[PDB]
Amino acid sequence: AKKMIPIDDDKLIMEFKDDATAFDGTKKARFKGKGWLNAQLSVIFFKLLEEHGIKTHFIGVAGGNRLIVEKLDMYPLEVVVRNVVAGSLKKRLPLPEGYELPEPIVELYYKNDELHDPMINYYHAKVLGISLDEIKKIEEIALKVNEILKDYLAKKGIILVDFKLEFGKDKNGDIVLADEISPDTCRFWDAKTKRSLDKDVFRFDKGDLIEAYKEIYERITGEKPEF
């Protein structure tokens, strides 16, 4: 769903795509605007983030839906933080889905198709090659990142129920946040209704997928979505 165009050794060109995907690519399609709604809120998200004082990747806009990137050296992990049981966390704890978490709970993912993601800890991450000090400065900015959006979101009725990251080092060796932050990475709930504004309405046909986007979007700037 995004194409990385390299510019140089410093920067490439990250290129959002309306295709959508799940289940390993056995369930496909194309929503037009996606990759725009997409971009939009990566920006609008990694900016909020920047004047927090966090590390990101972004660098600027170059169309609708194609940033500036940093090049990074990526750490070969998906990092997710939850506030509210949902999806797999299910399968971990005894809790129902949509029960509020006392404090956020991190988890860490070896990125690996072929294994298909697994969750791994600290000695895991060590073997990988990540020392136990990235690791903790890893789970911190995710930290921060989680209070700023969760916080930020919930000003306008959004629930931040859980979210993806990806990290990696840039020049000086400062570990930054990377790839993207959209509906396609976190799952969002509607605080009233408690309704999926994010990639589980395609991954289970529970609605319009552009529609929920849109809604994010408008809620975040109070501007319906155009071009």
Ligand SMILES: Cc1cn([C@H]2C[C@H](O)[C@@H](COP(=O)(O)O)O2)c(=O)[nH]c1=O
Given for the second form:
Number of protein chains: 2
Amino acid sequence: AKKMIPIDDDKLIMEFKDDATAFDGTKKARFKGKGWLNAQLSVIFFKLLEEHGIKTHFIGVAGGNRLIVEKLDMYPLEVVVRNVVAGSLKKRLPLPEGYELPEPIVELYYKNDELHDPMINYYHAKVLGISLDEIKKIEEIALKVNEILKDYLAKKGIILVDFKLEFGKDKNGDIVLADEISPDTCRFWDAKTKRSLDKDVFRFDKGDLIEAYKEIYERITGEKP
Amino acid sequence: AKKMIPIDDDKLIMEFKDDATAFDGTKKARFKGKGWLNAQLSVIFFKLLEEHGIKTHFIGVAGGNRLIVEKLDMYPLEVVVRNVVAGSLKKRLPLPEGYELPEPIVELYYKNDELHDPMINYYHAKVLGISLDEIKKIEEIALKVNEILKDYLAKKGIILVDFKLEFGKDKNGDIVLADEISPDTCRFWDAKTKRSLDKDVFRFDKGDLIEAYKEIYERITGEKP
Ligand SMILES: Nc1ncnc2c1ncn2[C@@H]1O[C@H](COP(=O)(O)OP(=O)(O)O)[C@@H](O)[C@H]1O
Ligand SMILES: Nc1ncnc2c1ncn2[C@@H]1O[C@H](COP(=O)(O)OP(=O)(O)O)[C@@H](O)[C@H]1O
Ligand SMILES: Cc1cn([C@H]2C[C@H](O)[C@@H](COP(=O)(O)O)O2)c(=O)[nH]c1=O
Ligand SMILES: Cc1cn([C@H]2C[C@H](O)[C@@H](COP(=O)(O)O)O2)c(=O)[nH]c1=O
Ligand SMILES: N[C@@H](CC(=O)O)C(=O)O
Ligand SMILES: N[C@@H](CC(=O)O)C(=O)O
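Output the form solved in complex with thymidine-5'-phosphate next; the form solved without thymidine-5'-phosphate has already been displayed.
And the full complex, kicking off with our chain again.
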């Protein structure tokens, strides 16, 4: 769903593609316009977060589906924040889809193809070279990101169910939010109907992906795509 | 592999059976004498730990395969401490069987049949009603148990590879070590040959289980069963 093109030493191009995959890449389709939607929405979220004092890798836009971002030394993690029970969480807790959590859950996943991104804890992370201090800073940022995104979306009648973040280290050794934030990497439910406005539409054939992504875009920006 | 028989309000009987199961109970066999070996070895480990200031549920012995233990409000957890890469850890870290960890790993598993004992972290635990303070005390005890067992066994030419503990709360709200500690719930390797003296012998047909358990017993006690 994304291509990364180096520029110099400091920055690279992050290009969003129309490709979609699910179930460990076993399900595939292409959706015209998805790259554009995901690019734009990432820009809006990064800008929101930056205003709130979150260090992100966003530098600028390079026309269309491409963003200019800061090159980072990436942590091999997917950091998942969860507010409402959905997806894989139903296999860890005996709780129904839609259950409102008493407080957010943060999950760590090790980004590894050989192993299919297994869940890990702080101890595995330490073995992978990530200190407890670093994990703690990462979860602190993720939880702050959760607060900002969920408040901002709740005002627009969207429940932030759960979402995935990734992080890297900059040249000062600061922890910087990286990758993307889009309906590919979040669960968004309509506050009223509880219906998915995200990649779950493609994952489980809940309707047309592009329509759902357009709706999200419109409900956030007030403008048509 | 064990039966629990209530006595009064304060205590129950923990009886060790000759039954063995593996792979989520799908593989089954019976080994004459296993109950006795596991009972005795649990007694030896609990006594060792008690001398070292670990609060356990051990009260006494009730002849043969039965122990008298303190009734506790059990945490729904299996707490796994790991020193050497083996078993399921090979699916979380790209490291070979026998890799020596730079420091111990503690893993939490939610004791739940519906869900087949999934791994969890501190956040899931909080949702299950287990405070961060409690998790922290539990991991502190487990790591202390690790130190004592590994030192004690290393002197006898046995590597403590990994092991599983369980815990409950007593009437004072103290966290007490519970269940069993036996070759069913630990990995024990000969320091020289690196060969299994534990349930892995049954799990993977590495030889005769009873012989392996007898050997452990003999190497710990200096006496024949
Ligand atoms: N600022 C950055 N600097 C360096 N690498 C990044 C940055 N942001 C994202 N990446 C990495 O680029 C890759 C993006 O490709 P892709 O596999 O499509 O995304 P992901 O796997 O993260 O969903 C990922 O490995 C991601 O960690
Ligand atoms: N001191 C104790 N008080 C109350 N329950 C206990 C105590 N020690 C162990 N138990 C519980 O008794 C059960 C033992 O049965 P079994 O299923 O054979 O063992 P386990 O499932 O723990 O391997 C477990 O649910 C265990 O948590
Ligand atoms: C598995 C996976 C989930 N996610 C996101 C989608 C969901 O919003 C959230 C939790 O997903 P899960 O329910 O599959 O664990 O993380 C990704 O962005 N990439 C992935 O590869
Ligand atoms: C799965 C499981 C493991 N264990 C023990 C055996 C191993 O010593 C240790 C780690 O096992 P694992 O490698 O299967 O995760 O925990 C149990 O006692 N009971 C169990 O049900
Ligand atoms: N459906 C997942 C892939 C997976 O389950 O591995 C996704 O978000 O792409
Ligand atoms: N083999 C495991 C069972 C499992 O894998 O679920 C055991 O220790 O009994």
